[PDB]
Every structure is written in C-alpha cells, then in structure tokens.
Amino acid sequence: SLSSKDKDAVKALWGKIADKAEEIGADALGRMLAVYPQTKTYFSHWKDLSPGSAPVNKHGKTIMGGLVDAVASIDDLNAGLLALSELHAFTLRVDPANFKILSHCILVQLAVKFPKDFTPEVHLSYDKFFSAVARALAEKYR
Amino acid sequence: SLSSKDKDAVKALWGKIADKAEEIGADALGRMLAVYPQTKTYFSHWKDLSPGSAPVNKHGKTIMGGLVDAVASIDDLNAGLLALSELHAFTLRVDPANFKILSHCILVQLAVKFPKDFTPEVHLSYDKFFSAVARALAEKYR
Amino acid sequence: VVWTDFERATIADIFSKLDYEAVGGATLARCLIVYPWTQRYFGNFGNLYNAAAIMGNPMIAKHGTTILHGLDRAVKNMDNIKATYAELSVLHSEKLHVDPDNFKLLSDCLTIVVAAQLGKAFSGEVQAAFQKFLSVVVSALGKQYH
Amino acid sequence: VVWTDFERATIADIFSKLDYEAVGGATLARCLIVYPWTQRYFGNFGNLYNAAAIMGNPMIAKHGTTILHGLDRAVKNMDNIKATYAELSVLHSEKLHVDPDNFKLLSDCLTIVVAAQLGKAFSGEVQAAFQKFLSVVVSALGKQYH
Ligand code: HEM
Ligand code: HEM
Ligand code: HEM
Ligand code: HEM
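Protein chains in written order, with our numbering: chain A, 1 to 142; chain B, 143 to 284; chain C, 285 to 430; chain D, 431 to 576.
Pulled out of the complex, with its shape left as it was, chain A reads as follows:
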C-alpha cells in the first residue's frame, strides 16, 4: 500500500518528466523488446519493433497515458485501472512476469535520464508504485 509520502514522490517525478514522458515510454519499450525478447510476442502484430519505429513511439505514449491515469487514480489503483486490467489480464492474458519487466525498463530509462531523482528512498516509492500498478492490472486474471 502506497503511503502519502510515496504518492507525493510519485506525483513529483511525474511532473519532472512531462516534456519527455512520451519519449521515456518509447525508449523503455525499446529496452523491454531488446533486453527481454520473451515480450516481443505480445507486439509482433505491429509492423516494426525497433527502438525508434513509429509503432514503438506510438505505443510508448499510450503506456505513459495509462500510467498518468494510474497517478490520477493513485488513491485507488484497483478501481481506477479496471478497464486496463480487463484488457491485460483477461483479454491479452499477459503473463504477470511481464509487468515487472516493463516496470524495470521504465525505471532504468528514468534513471539514465534522471539520475539525481533516484535516491534509495525515492526508488522505493517508485517501485511500490509500479508494483501496485501491476497488482491493479492483475485484478481481472481470475
């Protein structure tokens, strides 16, 4: 469960990254596809999976849109992300191992661009946030 401290720190980071948010998502995705090629299968119906392609760029915006919704719904992630849960956990049957993969790639990208934001304590809140997003997204599995 996210504390008030964790929510402040998440919202803060989210304000820092707005200008780059679209780009953060696009590259994080390129990291996931290259570094964890077990995930490629979920997106092979696109036209191109390369780090800078039109489909990766477009989907990276969409991921960051969903995380923005998460930030909006931070007080109740389970209720707030339910349509995305139905999509990921029921319709697409995304293996839950994959959610932590994406989260990690997002943190890696955020760290490469925002090194000073990543104190242990801040990273703890970010991790709790991404863990809670994944639990929210897992609601509709079963």
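Since the hints were made in silico from the structure, they are not lab data. Beta carbons: idealized from backbone N, C-alpha and C, even for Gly. What you were told as hints is all true, and nothing was included just to trick you.
List time: in silico BS3-like cross-link candidates among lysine-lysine, alpha-carbon distance up to 30 Å:
(1) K301(C) - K360(C)
(2) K140(A) - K258(B)
(3) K534(D) - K366(C)
Not the full set, but computed from the structure, chain D residues with beta-carbon under 7 Å of chain A:
(4) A481
(5) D538
(6) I542
(7) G554
(8) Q557
Beyond 12 Å from chain B on every Cβ pair, some chain D residues (computed):
(9) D443
(10) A516
(11) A551
Dock chains B, C and D with the ligands against chain A, hints included.
Frame of chain A, contents of chains B, C and D with the ligands only:
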C-alpha cells in the same frame, strides 16, 4: 480481490476442516519443513523441528489459528491481519516466497484428505485466498 | 543431484500409480484454470474461454498426456535429466518464451492432483522426493546458461 | 552460453567504468532499502533500522565491495562462469538458503545504479549484454540440480 463465490468456497472448506484444524496445521507445517528446508532457519530456535513433535504441533495450531482469523476477516485482509503482518514482514523479515510455500503445503495436506473438494474452480478460490493472505501479511514490509 | 534409494523408489512408484492421460489432462486443465494466463501459451488449443470449456477440451487432454510422458523420460533417466531435456528446454525457452515461473505453477498443480489421488500415501517424505524430482525437471526445462 | 564480441566487450567496458566500492555499496544499500526482507540474510551486518542507517553502515559498504569483486571474477572467467561460481552457489543455497528471487532483486538494483551512472551510454543493446551477463551469473549462483 475475492468474489462472493471465492469467500463462500473458502468459508465452506474451513467449515469442513473445523474438527481437524490443529492437526492439519501440524502436518502442513511438517511438510514445509521437510519439503522446503530453506524454511527451517525461521524455526531453528525450537529444539525439535522434526514433524510430529510438540513445537510443530503447537505452532501448527497458531498458523491455523491465524487463518481462521483471516477467514473471519476475509472482507478486508489488509486490516484484519495488520498485527501479524507487523510480526512477519517487519520484525522477522520473512522472505515473501515463503508465504507461497506454506500456502502450498496447506493445500497439499488438505488435498490428501478432502480430494472431492479440490475441483479446479474450488482450488482456484483457495489459491486466491492464500495469495490475498500472503499479500496482507506482506503489508508491513515497506 | 544425488538420489537416495528412497527418492528413486518413491518417484518410480508415484508414476506407476498415475494414469498418464487422466493425471496429465487434469493437471493441465488445473493449471489453465487456477493460473489462466498460462492459456496464452496454448492459443491454438480451442475453447479456453471458460473452466467448463477447458475441462472438456480434447486438445488439453492430448497435451496433458504428452506432459506426463515427457516427465516419464526423466523418471526413466533420473541421473541424466538435463541432457534428456535439452531439446525441451530449447522449445519452452528459446522457441516459445515460457516464463519459468509457470513451470513451478504447473508442478504445483501436478502436486495437488497427485496428493488428491494418493491421499495418505502422499506423506511429507513422499512429497519431499516428488518436489526434489520436480525441482530438477523444472531447472532442466528452464533456459540453459551453462 | 555463447558471447558475441559486442557482449564480451560491453561487459568488460562497463566494469572498467565502475568504482567497485562506490557502486557495490550503493547497490547493496539500495537492495536492503527497496526490498527490506533481504536484510534478514545480513543479520550480523550492523545497524539496519532505517534508510539513513543502512546508508552509513560500514559493513554494508564493505560487503557491497565484495559483491562487485565477486562479479569482476565472472568478468575474468566469462566462458567458465558456472564452475567459477560453484562454491558461491553452495554458500548462497546450501548454507545461506537465499531464495533465488533475491538474486534478481539485487541484480535489478545494480542495473539501476549502473544506469544512473552511465546515462545515455547504458543503451538497450548495452543493457541487453549486461542482463545476459547477470542472468548467467544469477543462474550460476542458484542451486545446482545438475
Ligand atoms: C506499466 C504497466 C502497463 C501499462 C500502464 C500499460 C498500459 C497500456 C495501455 C494504456 C494500453 C492501451 C492501448 C490499446 O488499447 O491497444 C495498452 C495496451 C497494450 N499492452 Fe500494456 N501496459 C502495461 C504493461 C504491459 C506489458 C508488460 C505487456 C506485455 C509484455 C503489455 C502488452 C500490451 C499490448 C500487447 C497492448 C495492445 C498493443 C497494441 O495493440 O498496439 N502491456 N497498455
Ligand atoms: C498464511 C501464512 C502464515 C500465517 C497465517 C501465520 C500465522 C502465524 C501466527 C498466528 C503466529 C503466532 C504469533 C505469535 O506467536 O504471537 C506466527 C508466528 C511465526 N511465524 Fe507465521 N504465519 C504464516 C507464515 C509464516 C511463514 C511462511 C514463515 C516462515 C517460514 C513464518 C514464520 C513464523 C515464525 C518464525 C513465528 C514465531 C514462532 C514462535 O513465536 O514460536 N510464518 N505465524
Ligand atoms: C513439468 C513441466 C513441463 C513438462 C515436463 C512439459 C513437457 C512438454 C512436452 C513433452 C511437450 C511436447 C514437445 C514435443 O513436441 O516434443 C511440450 C510442449 C509444449 N509445452 Fe510443455 N511441459 C511443461 C511445462 C509447460 C508449461 C508450464 C507451459 C506453459 C505455461 C508449457 C507449454 C507448452 C507448449 C505451448 C507446448 C507446444 C504445444 C503445441 O504444440 O502447440 N509447458 N511440453
Ligand atoms: C549477483 C549476486 C551476488 C553475488 C555476485 C554475490 C557474491 C558474494 C561473495 C563474493 C560473497 C563472499 C563469500 C565468501 O566469503 O566466501 C558473498 C557473501 C554473502 N552473500 Fe552474496 N552475492 C550475491 C547475492 C546475494 C544476495 C541477493 C544475498 C541476499 C539477499 C546475498 C547474501 C550473502 C550473505 C549473507 C553472504 C555472507 C556474508 C557474511 O560473511 O557475513 N548475496 N556474496
């Protein structure tokens, strides 16, 4: 999140075991210690980890004592197991993989006695219950 | 891995008690029901949209049996499980990218199905040997780095 | 495992760029703070009451250096990592009983510490080579059933 169906399957099972709960707790803890010895470290302060011995017996009770409490508070496990979460996740720093192991051994002990109750849909409900118990116990880690 | 005589005898007699079709079908159906994301790996298997659909699907029955016969290859070759499973590892990891956590989920379903069939005979000691066997199988099915 | 030239040289390059004591200490601190149940394995390593306590713990700085030098050992034995780690595997599994998911947690903390230091140079292809290396390392540290 547990459906009304899940809560109902779980309460019915617990209703069915009631008689033998202490015993089931005993044998299931004895399974964990033997089948997954990585868990012995938590209980090495006793001077008999061998199953069938009083420390396993007495501790098997309190585990099942902990689950019936959990069953009683099934509508909000987070709130209902706060004190136990403080003890496990905070004080004892129980590695979370371990909650999964004990849960498994409890199901296995039950399976050997209540085979008719282990239909796929009932097993799924049990497994959602133990997962939610583990998550509630995990609350006070961080 | 050094098998004790008990471990060897136990694994052999567990498997001599199992009907590979019955147990294999039930195990796989159980896995697709208790952990429904595993379905995505068998997308070309028919109606998996409901528990009653999975239960009555003959593709699952067929493949469940195949799982048990693959396990049998380890039972007959207990000291050479890694090599016996080399091509299976390539298939599950390199070709099909099955997240390794699922090998353990399936193993756990098989355990619970065996426990239910065997009853009291499935003691802690018996479950000890069974899990050791499954641990070795699961390690062998995972990606080989060495 | 089979290394391409890029993988081999990326790995050597990354470590050539690391302050082992600085990166080691940050990495272990990061892991005990972000994943606090990992503290239990380090019970006799001084005060771990809080973030700032882990951060000023001389023992946690010392052991972070040890981990990094342990990693450097694999970098020096890239084609024999399993054997190089055989004793470490036995310690972490048979004596310490470290749940294998903790190896991945520590690995992830290291990557993020490395990411924050190298910035744009720590690319997807570079993280790819680094993850492959950590995967091999983690696999060699886990219990050997074969
Ligand atoms: C941080 C966790 C995640 C968030 C917030 C997220 C967010 C979103 C959003 C907002 C969409 C809407 C796009 C649509 O309707 O097609 C979407 C789609 C999708 N997601 Fe996720 N996602 C996450 C994780 C994952 C992971 C780990 C995978 C698989 C490895 C995945 C696979 C997909 C796929 C295949 C689509 C549809 C893509 C397409 O058809 O172009 N997602 N996601
Ligand atoms: C569903 C899972 C679990 C439940 C319901 C549960 C419940 C309980 C209860 C009611 C107690 C007694 C508290 C007291 O003495 O005041 C206890 C103690 C304890 N538990 Fe658990 N527990 C669970 C999982 C685990 C696991 C997985 C481990 C680690 C292998 C563990 C290790 C311990 C230890 C070391 C104690 C204290 C022993 C003692 O005072 O004699 N527990 N638990
Ligand atoms: C105890 C662990 C397992 C064993 C012993 C096992 C065994 C086997 C065997 C013998 C085959 C046939 C290979 C051949 O054609 O020669 C196979 C195929 C396959 N397995 Fe596994 N398996 C295991 C776990 C899993 C899990 C957990 C999944 C998914 C979560 C999985 C997914 C598949 C798929 C998708 C195929 C190919 C099916 C097709 O033809 O479409 N397996 N497995
Ligand atoms: C890539 C991962 C890791 C590497 C390369 C590594 C390397 C090492 C090395 C070189 C030692 C010294 C062993 C000796 O004295 O002979 C050690 C000790 C130790 N490690 Fe790890 N380790 C790793 C992960 C972990 C993790 C994840 C944990 C627990 C969360 C852990 C817990 C310990 C403990 C408790 C010791 C002994 C400390 C003592 O002597 O008091 N290690 N490790």
